[PDB]
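Presented below, as structure tokens, is a lone chain in the form solved without this ligand.
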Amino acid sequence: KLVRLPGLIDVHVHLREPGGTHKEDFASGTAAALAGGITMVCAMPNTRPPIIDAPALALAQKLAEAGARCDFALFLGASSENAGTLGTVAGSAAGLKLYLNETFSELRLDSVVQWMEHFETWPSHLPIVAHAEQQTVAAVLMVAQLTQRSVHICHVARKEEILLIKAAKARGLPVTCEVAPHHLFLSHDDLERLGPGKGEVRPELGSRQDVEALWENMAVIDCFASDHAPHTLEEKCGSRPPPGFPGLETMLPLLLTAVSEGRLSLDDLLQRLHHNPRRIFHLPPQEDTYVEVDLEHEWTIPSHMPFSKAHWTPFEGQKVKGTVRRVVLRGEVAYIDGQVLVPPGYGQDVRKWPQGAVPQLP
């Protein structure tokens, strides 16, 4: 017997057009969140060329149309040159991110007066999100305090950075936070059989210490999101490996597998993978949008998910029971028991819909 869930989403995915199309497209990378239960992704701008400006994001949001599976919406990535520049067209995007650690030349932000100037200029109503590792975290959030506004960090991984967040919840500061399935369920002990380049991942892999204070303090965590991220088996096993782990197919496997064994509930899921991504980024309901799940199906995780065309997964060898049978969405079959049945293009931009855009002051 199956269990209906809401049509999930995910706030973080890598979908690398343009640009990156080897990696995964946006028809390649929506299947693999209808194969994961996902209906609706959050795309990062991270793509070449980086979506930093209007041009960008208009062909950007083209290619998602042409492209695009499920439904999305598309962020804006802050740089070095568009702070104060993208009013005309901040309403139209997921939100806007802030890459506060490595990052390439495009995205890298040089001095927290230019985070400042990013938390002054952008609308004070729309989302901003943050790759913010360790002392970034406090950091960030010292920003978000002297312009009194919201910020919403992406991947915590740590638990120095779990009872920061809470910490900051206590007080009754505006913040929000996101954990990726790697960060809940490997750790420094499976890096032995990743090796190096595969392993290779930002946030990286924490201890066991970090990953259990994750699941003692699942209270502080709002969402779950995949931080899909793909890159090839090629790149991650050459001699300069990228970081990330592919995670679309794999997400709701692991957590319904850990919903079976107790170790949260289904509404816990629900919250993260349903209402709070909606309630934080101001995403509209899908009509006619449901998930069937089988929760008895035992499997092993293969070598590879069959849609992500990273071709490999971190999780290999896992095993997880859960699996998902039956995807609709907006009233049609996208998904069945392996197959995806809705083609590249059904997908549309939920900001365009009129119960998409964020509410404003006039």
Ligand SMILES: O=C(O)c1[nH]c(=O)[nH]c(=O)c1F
Contents of the next structure:
There are 2 protein chains.
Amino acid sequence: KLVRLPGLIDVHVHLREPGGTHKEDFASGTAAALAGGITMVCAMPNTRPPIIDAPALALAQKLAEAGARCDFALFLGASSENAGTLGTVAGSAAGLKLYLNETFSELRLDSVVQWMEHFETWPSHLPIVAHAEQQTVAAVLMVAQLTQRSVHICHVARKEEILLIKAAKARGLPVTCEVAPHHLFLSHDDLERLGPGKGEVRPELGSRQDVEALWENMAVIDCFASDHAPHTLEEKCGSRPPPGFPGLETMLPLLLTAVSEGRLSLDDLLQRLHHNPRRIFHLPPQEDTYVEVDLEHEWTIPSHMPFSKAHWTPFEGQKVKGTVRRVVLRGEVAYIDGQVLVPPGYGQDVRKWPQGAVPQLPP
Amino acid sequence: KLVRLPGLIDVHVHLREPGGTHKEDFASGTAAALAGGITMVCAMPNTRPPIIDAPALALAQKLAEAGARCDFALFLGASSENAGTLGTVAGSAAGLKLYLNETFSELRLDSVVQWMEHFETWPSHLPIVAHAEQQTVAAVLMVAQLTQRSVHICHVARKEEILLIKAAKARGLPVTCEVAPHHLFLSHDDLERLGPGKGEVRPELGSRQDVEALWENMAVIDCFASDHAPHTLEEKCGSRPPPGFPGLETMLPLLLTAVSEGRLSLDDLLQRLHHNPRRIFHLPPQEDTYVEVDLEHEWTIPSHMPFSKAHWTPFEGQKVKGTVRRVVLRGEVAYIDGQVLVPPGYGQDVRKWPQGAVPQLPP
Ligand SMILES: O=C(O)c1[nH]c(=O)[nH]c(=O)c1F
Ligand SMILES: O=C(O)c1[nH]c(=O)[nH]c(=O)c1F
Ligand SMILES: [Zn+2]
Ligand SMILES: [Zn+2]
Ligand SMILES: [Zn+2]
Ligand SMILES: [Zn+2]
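Can I get the form deposited with this ligand bound as well, since the one above is the form solved without this ligand?
All chains and molecules follow, beginning with the one already shown.
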């Protein structure tokens, strides 16, 4: 028998359009999403041009409307120059993304004062998410407290980080977080197989103790999100390997395997890939939308999944139990057993739906 | 006419004994202190052995009692192994020092969870100070809030850091800080003259804008403290230059010059080199103790000051106006015009004085 799930949401993907379309584009990346049982994605702003101003957002919105096969929201990115300039378009974005560790120059913040300025100027009712590793988690939490608002921490990867967040939650601080599949299912032990190029990712793969700590502290994890970060094999295996793994097509199969093994429950999964993404990011329901999965079928992850242009995967060789069989999106069959059946452009910007605007107090 | 000042206190010095006595020892370092108008010093724990346990503290206490010419308190240092082990000796120390950025392996903390453990286990009534640069300031402030206590930030060197602290103080958070003379009187502009070896210090020399920001935000600075960090010229000019400047003998002359120029008042100076050190660290008064300075005498800083074994100074060539003429410590003439007149061992551990114990609620 098939199990019917609601439309799953991935709040952290890199779809590379504009400007990196050999790595992925809206059409290929959203095909990958649907194949992974994901019907709504939130796309990060570190494209070329990066989504750091109104014109870049407008361009990305049209590229997404024309290419996306599933529904989406687009993040804006914080820069050293745009604090206090995004007020008119802020509500149209998934949220604001801060890159607080490594990134390219356009998104680099050189001072915590710049973080403060963003927390002070970004509308208080809208989401802020951060790439914030190790001590940077504590630092951005401090900025959030000084400015008396919430923050969501992207891809938590370490015992250190999840325990800090746990302590913050115990103090009633408004912080949420997500964890990516590679930080639950891969570790340092896998670097021998992957090699130093393929294995490059930020946050880096953790120790066995890091992975164990994330599982032990599942209660502290609000969301799963792939951090789908496609690069071609040539790039990953070259002289200056970019960090990141593709992950849309493998996330749900990996997690379903863990459900099958009793490592977490189906509800635990659905809180983290549906309900909590909805509530943290104020994402609307999708009418007539559901995913049918098969929990019995055992298979081995191949050297590349069918859809991502990355055309490789760090999970090659892992045995999984769990398969996406069918996806229906807003009343149309979007995916069946390896075939995507909705065209580029079927997808819509959920922030334009009346139910997808973030509620706020009147002026 | 001479101006009579109270006995000045430097809460941040490295006296290198035990184990680095070619760089400085208690006798030479405290001679330097007296020559700089300083009658009480707090010595950092990054010696060899480092002061991270009771036996090392006991050794350092005896070396200081035998060698110090001025009065002192000794810091304990946080390590990855000693949280929850220092309770019996904590009250005998100046406070607990956390090295949160670069340091040697024995004092390295690999996780913010280790910082949390120290804040939770160190007695709540006793001082904690941190080497915490840039975002690390925000991170350690977060740990302090989670554990609902105060923290003092060592050598604030950047616009970013002083503005973060300013914002924290505006929110009523219990944080204090100190600034070292090199971050007020030297900058990037001086690296050409100093060279890359001599110029090595942590925190590094800041931009002109950093220096300007510290002066503009003098109200936010609770203490001046030298971070006297002596290394020999051979070491500074060698293949792996250690970071740090000697500074006991130049701190007061530099600051008196600024007082003379109306950059801050004499009271501003005395709050920062006497009253605030006393109150933050619960340091006792010194009976019959005072410093007489001459504010008229103009001189140029030489290539080395008379007492520090570092035998060099990054302030060489700077013109100053202000000289220490005489120091009286506990009723004895300790220094006159270049001559130290109290022997090694004259100095005492102020934490052993009845008035130098930190008051606490009964068990
Ligand atoms: O865009 C990427 O490739 C990327 N890859 C990573 O591994 N971490 C990131 O923070 C990131 F932005
Ligand atoms: O002990 C030292 O030499 C030293 N020198 C520095 O410049 N910064 C430090 O944090 C330090 F511990
Ligand atoms: Zn990231
Ligand atoms: Zn990412
Ligand atoms: Zn330091
Ligand atoms: Zn120091």
